[PDB]
Amino acid sequence: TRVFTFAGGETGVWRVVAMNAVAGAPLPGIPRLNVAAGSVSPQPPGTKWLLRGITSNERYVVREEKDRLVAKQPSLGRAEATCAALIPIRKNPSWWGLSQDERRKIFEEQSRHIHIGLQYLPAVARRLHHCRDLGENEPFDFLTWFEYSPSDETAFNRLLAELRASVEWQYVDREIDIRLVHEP
Amino acid sequence: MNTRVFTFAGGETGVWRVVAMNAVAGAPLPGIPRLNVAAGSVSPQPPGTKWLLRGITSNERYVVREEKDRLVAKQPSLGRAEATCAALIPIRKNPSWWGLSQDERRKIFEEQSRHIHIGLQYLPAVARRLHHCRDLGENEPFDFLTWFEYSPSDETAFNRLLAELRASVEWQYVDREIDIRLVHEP
Ligand code: HEM
Ligand code: HEM
Ligand SMILES: [Cl-]
Ligand code: NA
Ligand code: NA
Ligand code: NA
Ligand code: NA
Ligand code: NA
Ligand code: NA
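These protein sequences, in sequence, are chains A and B. According to my numbering, the residues represented by the first sequence are 1 to 184, in order. According to my numbering, the residues represented by the second sequence are 1 to 186, in order.
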């Protein structure tokens, strides 16, 4: 399955414990989050908002980087990773008009995104969802999903601080940081 | 509406008359007499439609600044009055392609296949638009909808371009290709 839909509302297995608009306009506060797989999923009862994205092919990663990620990255769904974060991100529109080399330079050569992220594995599990090429309008360009143990929360926060200080983050115009704890 | 999404509606309606449907690789689409290029998503299917193909224009995945600047200078506008021929060429690439890393695909696409280098040789004759399908969902029949416009005097040239690209390393990964030729109504 490539398509995932994140429903914020009154029902779901993830309890929302924090929501902050890091950049741009806030999203409505909600108590629970549900994640559904596939292209024809139902809207859960009591849904306030729905965000959809699709996993996709690599846009920047080179083979040598891929091999490092494969060696180090954890799986989604670990028993002990009871904390999660959903971080919807929208880029500045100018980003999308840049050429491929220009974006790769900002992303990795300047911002060191992968290099930094690698330093937080195996603590942090991740999944990247793309929104901008779906058939239907989405308010964000990416839905980023993370999972980690409670004891790794401060490491996750440090990762975010490092990325938010990067050149790449100058191009982030909306970013919502939603923190979750899995239901018992 | 989003200015990036288009639906190609094969059927009994539209400004484009279908003159040929070439089954280049893999199974063809049902024969159609006309083509409509609609903004956005189409539902329900208009009377007379046999099929709908949707795609979205998107950001560059491979081109570098030096290439882009060449393209911007040389490429013609879409919608030129004299460019009464068009081609709609749906393309699918195989699963192996999509699992390759970015450097591997860029190497195939340009360093080996010379896609852009070749295509530049056919500007300003040929106007083009690339539409992406694979991030609409897992169940689109093609990965790309490619659209071209040219004058009838440039049709032989366009055919030469196609033969060059179809001989390239990149095309080793193409597992479906249909080539539909159109002429604009008067
Ligand atoms: C946990 C460690 C992390 C690692 C190893 C990592 C790795 C990566 C990799 C490999 C890509 C490129 C994918 C491609 O080639 O298409 C990527 C893209 C991306 N990542 Fe991360 N990442 C991490 C954390 C984060 C965090 C915490 C955020 C959000 C706050 C984030 C936001 C993004 C975005 C928005 C993209 C899309 C490309 C772009 O930057 O324009 N990543 N990441
Ligand atoms: C007329 C001259 C042509 C030029 C200048 C040209 C140029 C380009 C450029 C710059 C890209 C890369 C876009 C990016 O960075 O995302 C591209 C992609 C593509 N072109 Fe062409 N092209 C031409 C003709 C054709 C023809 C005739 C076909 C089909 C038979 C074709 C099929 C494609 C496909 C399928 C892609 C997507 C590649 C992928 O993302 O894997 N092109 N072209
Ligand atoms: Cl991207
Ligand atoms: Na994207
Ligand atoms: Na997308
Ligand atoms: Na495009
Ligand atoms: Na593109
Ligand atoms: Na692509
Ligand atoms: Na590609």
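Please note: incorrect hints may appear among the correct ones.
Stated by the list, open to error - For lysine-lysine, the following DSSO-like pairs were computed, each having C-alpha atoms within a straight-line distance of at most 30 angstroms:
| hint | chain 1 | residue 1 | chain 2 | residue 2 |
| --- | --- | --- | --- | --- |
| 1 | A | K72 | A | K91 |
| 2 | B | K107 | A | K66 |
| 3 | A | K91 | B | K50 |
As the list claims (entries may be wrong) - Sample of chain B residues at the chain A side, in silico, Cβ under 10 angstroms:
| hint | residue |
| --- | --- |
| 4 | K68 |
| 5 | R80 |
| 6 | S101 |
| 7 | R106 |
| 8 | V174 |
Stated by the list, open to error - Between beta-carbon pairs, the in silico distance windows are:
| hint | chain 1 | residue 1 | chain 2 | residue 2 | range |
| --- | --- | --- | --- | --- | --- |
| 9 | A | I114 | B | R65 | 42 to 50 angstroms |
| 10 | B | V42 | A | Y60 | 27 to 35 angstroms |
| 11 | B | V169 | A | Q170 | 50 to 58 angstroms |
| 12 | A | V13 | B | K50 | 24 to 32 angstroms |
| 13 | A | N137 | B | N22 | 45 to 53 angstroms |
| 14 | B | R160 | A | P26 | 33 to 41 angstroms |
| 15 | B | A157 | A | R78 | 56 to 64 angstroms |
Bear in mind the hints are in silico, worked out from the structure with no lab data behind them. Just so you know, even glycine gets a beta-carbon here, dropped at the ideal spot from N, CA and C.
Verification of the supplied hints:
no.: 1; hint: A:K72 <-> A:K91; result: holds (28 angstroms)
no.: 2; hint: B:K107 <-> A:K66; result: holds (16 angstroms)
no.: 3; hint: A:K91 <-> B:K50; result: violated (38 angstroms)
no.: 4; hint: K68; result: holds (5 angstroms)
no.: 5; hint: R80; result: violated (24 angstroms)
no.: 6; hint: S101; result: holds (4 angstroms)
no.: 7; hint: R106; result: holds (8 angstroms)
no.: 8; hint: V174; result: violated (16 angstroms)
no.: 9; hint: A:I114 <-> B:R65: 42 to 50 angstroms; result: violated (22 angstroms)
no.: 10; hint: B:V42 <-> A:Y60: 27 to 35 angstroms; result: holds (34 angstroms)
no.: 11; hint: B:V169 <-> A:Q170: 50 to 58 angstroms; result: violated (37 angstroms)
no.: 12; hint: A:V13 <-> B:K50: 24 to 32 angstroms; result: violated (44 angstroms)
no.: 13; hint: A:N137 <-> B:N22: 45 to 53 angstroms; result: violated (35 angstroms)
no.: 14; hint: B:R160 <-> A:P26: 33 to 41 angstroms; result: violated (56 angstroms)
no.: 15; hint: B:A157 <-> A:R78: 56 to 64 angstroms; result: holds (58 angstroms)
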